[PDB]
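The complex appears here minus one protein chain, its other protein chains still in place.
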Amino acid sequence: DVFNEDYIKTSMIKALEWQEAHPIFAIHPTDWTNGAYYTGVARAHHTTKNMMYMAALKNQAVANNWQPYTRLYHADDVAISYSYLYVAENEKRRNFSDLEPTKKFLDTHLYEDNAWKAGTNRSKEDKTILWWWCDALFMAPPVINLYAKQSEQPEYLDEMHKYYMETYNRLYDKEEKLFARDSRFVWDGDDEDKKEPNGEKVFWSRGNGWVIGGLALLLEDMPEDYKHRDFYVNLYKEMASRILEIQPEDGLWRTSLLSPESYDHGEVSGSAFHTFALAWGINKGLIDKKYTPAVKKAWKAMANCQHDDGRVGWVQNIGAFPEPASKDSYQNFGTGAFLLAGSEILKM
Amino acid sequence: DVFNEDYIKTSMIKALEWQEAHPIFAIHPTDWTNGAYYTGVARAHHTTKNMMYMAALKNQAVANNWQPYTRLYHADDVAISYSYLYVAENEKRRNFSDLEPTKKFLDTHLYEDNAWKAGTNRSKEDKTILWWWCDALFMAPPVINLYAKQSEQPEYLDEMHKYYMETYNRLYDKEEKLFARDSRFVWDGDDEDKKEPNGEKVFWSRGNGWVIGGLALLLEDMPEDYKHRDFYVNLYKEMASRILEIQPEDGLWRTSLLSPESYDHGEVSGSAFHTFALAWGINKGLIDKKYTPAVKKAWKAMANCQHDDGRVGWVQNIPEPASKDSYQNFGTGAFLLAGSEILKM
Partner (left out) sequence: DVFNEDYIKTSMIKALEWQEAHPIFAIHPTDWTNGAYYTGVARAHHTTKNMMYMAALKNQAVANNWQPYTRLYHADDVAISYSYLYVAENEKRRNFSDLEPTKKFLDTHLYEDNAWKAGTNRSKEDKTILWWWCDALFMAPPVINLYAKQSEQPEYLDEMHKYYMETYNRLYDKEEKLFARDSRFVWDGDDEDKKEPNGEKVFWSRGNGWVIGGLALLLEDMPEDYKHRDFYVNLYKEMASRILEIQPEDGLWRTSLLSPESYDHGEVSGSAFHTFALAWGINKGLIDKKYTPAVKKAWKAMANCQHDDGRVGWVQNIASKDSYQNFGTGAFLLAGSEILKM
């Protein structure tokens, strides 16, 4: 019974236990894959207050010495600080959490020059603004926002806004209400554009999941009266509206948003970010309650991809565009997304 | 059959496995929560000799670089050295274990001045002697005894005894035969005496379980001829009689010793310390064998609170109400201590 509150809490614990027994990273335990994963752990804790989530969060923060990863120009490398900030706020204990290494990262990232800001890169991926790919909008903005809030330094939000607007102005497709992953996927309108197998624009489900899930985390903690809030609220509603509209019949979004018929089964990690962001918006009254059944159908479909031992399956491995997954494929960020969806499904 | 030797062994291993897969700490892997946990893992090893226990003990000792935690005035931060001392004795490898950080801790703890010894603290907790709260008598005394034993330096015991007597003189209720947690729970006869709803003095089950289970560990290894040994033996027998006398009908002590009716279910960690200390005393001949069925009733109750995947449940946190899913690493340690003695009965 996938909608039963104890079912959902037990499924969430089992997903945590499975992933804790299978640690994984792309390049380091402090990298974006674990940052996204522990961000989901953090929200699962926020909803259930179960000590086991907080144990895992504290475990990893201590093991990593409260360090972000080390490419200071690189948004991916600060995603882990969300978990650090969350524990610092929610574990009231002196001589324990340390936010200095996060502060140091953010100061360099935001205020120091680097090759990406300088716009001197000449590659296909076009690495000529700080956040030149859409996934960055999950990795850095929610951390800068929670940092600004906890430290009472609103100026970080201004710097966040400047870079978020650059990404938005480059990659947000105003006609389709979805983000291209990077400049390669923006159309010039001719026979050399990158297209899906059915000829449509490429909009990657997890790619857009990062953005919309980043919006839900952002709006969760951004001040009510922040001077640019309306910009974020409206982007969130526009993207939510499209994602709802293109949700496949069986409830799971495919890895390709506009060419879902290219895949035989839906993909869990992008679907989990959408279900998180959607359930969040319904719970906050930003999205009409009549959308509850669509958000529940996704939840049901993802719940049925979870193995008896807790593994969250049907997750596409690391990438930058639509690719297949299978029933045993997993990743820590995919467990993280499932934990995010569950943490909001529980509040409906 | 919860009394079958093979049932108990497989239960204890599952409790270890489940806790190893769910590591936890209050402030650090070397903190008292882990020191109590791995002291239960040490005693499980000592009874069963299963290589799985010793693997887990060596893994954390090496991962922690043999260090206790860092507040050298604080008995909680040396609890972890019990496991280190146990590995140094029982893992037969020269040049593997390092007891120097434990020695550095004990020398500063016992011989150098600090603000708790100075007596100037003005808090409600009254942190005006080294071991100003009763739980400290599980954390430091058993480690100082093992250290004194392996170093053959009995002066460490004399120093242990001095501080142990301060805690006993402040907190042991000679009429009730149980310990108050700290000065706040000691009655002065005035307006803010702390009472249970039934009017009785407040004695915490796990608080007393730290003390009596610490007494069993101490007497396990203290020399038969130590000058002060009788004092610990009679303390142990007095607390044991009272703890037996107040045991609830279903086997499990509640979090409150003199007001069990304030809780709707028994609590596992305190009960496990009592069960360990009581079983140990029966096996050593300090407690009369007629008390076996009661010790056994407690083991059965706790064995039924273990989940199928090994989780030891009904453990009150360091607080949310204790529930069937609630666990702690020191609760799994206490369950392993109990099992380690039930096995030898």
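First chain written, first letter: the chains are A and B, and each begins at residue 1.
Convention: a contact is a pair of C-beta atoms (placed from the backbone, for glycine too) under 8 Å apart; a residue touches a chain by one contact, two chains touch by 3 or more.
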Hidden-chain contact residue, picked from the options A:121, A:198 or A:317: A:317
From A:2, A:24 or A:165, residue that would touch the chain that is not displayed: A:24
Identified contact with the non-displayed chain, of B:93, B:122, B:174 or B:290: B:93
For chain A, the residues touching the chain missing from this view: 21-29, 317, 329
Missing-partner contacts on chain B, residue numbers: 17, 20-21, 51-52, 55, 58-59, 62, 93, 96
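Criterion: only the chains that are shown with their structure count from here on.
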Interchain centroid distance [CA atoms averaged], chain A/chain B, Å: 44
